[PDB]
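Each chain you see keeps its place in the complex, though not every chain is here.
Chain naming follows the written order as A and B, and within any one chain the residues start at number 1.
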Amino acid sequence: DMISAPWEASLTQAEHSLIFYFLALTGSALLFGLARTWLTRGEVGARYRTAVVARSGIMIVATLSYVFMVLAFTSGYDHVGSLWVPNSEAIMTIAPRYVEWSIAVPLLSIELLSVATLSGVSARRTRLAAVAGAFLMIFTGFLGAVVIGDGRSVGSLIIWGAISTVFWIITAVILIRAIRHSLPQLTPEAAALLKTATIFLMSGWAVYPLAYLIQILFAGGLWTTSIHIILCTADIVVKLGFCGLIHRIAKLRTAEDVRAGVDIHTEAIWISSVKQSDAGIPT
Amino acid sequence: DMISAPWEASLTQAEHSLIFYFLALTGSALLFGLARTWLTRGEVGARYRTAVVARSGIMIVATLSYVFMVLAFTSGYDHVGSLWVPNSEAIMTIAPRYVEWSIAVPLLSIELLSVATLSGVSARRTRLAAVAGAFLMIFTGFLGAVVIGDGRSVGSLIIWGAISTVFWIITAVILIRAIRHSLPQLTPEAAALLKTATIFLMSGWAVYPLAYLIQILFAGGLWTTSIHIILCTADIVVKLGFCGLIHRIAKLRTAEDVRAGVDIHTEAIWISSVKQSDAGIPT
């Protein structure tokens, strides 16, 4: 059964204006997130700098992706009558999300594990498996949604969506097992924060398949609009909310190292207005 | 009753030149503001770094928005005879302000509360309510002014403007109550500065509805010009003036922490040519 792809639908003026807003809102929010990451990078010790590196990468690639999509949007539809009619570049308002996710979901996995308590073979095993799984979930998604059948084949979307779902399950299990093993080896305060942060990333992941199901089941300007609103909103919530959460844990673990004498930090660490550690200098 | 949207009016050469100037002036002013924020970020302690983060975000998003609009302006009107006639891109000289405001008004709320005395559940309750309220005021504004009716429906502008006004009131009350609760718990010097800063943000907010009322009541090149001049000028005044004001309070509270022994700061803090605290090092 053939369906029409999301980038094939003509848009009303309302829909065209809504999509522009959500794309530009997301790009802007992500650029704020990038700046936040840069400005707060010194709050975290060198032992937990991977958290900052991972988050910087998420914010940079996501920003670039949305900037590309906003420009593609301006060039991918032509006003004809009262409708905006998609040209051959309209696909570049949807496909670049798959590029973003191909990097960002693996980097999220790395960010989450950066503040967990794993080392040795297990650490490397877990990080590789989780990165690989995360990449494959997005890539198989991209094949169904964009490449095989040109986004128009229900069978292709279903098959590749199911494959993507398997990699989702695998990655999730690998990450959840890692966190579960770490929580006993963390301080109560960190353990609690890490558990909460883990629910937010997994739960945030469940929103994205919903846009894929729309592509399978419904076509039209309203549905294209819905896809962009759902994915823009998920991108904002996941890439500001979650990133803030790991930063807090990295700060807390830094401060615990300072108080334990494991390391020193050049500035005081404040979390929710409360001082967690004092500024210090090497002897 | 149908009206014509602001981006539908033909412009005289004078009007076209004035709008270009104001858009480019605002973009430039905001880019200066961004640089100022970056250069002065080390004047504030880690306890008050949210002020800098919030302000950086305002300046980055606003700058991008105006750069986009200046480019849209160059492509959204065609010189025909002695008039500049808007094409289908002219709406991108108005609509991106709603993107900017959708981030900046929530970030202003965060900036103001960053230097207040809250913490606890109330802090999170207040920050979320104020962010949500602020976002909804702009978004409902965007629906009336751009989306529902295509900016041409008086009824839609009135209804959505009224809804936006309710969210304005709510956000204002939430913020004013927070400040009022904080002022007794601040030092007199900070309390006085914080009260003044609060009047400037609320008062600055009242200018923006005036451009919305123009869209409702008057159409033509002169009115489009007026809208852009009012909104550009408000953007400049609010995003340079207010941001400077919170930075001063964050500096003053930093210096008070240094003198109280609550924290140390790597450089001396100067405010209006007077030294507030000395440079210090961890023991």
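Just so we're on the same page, contacts are C-beta pairs under 8 Å (C-beta built on N, C-alpha and C of every residue); 3 or more make two chains touch, one makes a residue touch a chain.
Of the identical chains making up the complex, 2 are displayed, while the complete assembly in this file numbers 5 copies.
Rule of thumb we're sticking to: only the chains that are shown with their structure count from here on.
Per-chain Cα centroids separate chain A from chain B by 27 Å. Within the complex formed with chain B, the residues of chain A that make contact are 13-14, 17-18, 20-21, 24-25, 28-29, 31-32, 35-36, 39-40, 43, 74, 79, 267-270, 272-275, 278-281. Remark: chain B residues 41, 45-47, 49, 52-53, 56-57, 60-61, 64-65, 68, 88-89, 91-92, 95-96, 98-100, 102-103, 107, 118-119, 123, 142, 146-148, 150, 262-264, 281-283 touch chain A in the complex.
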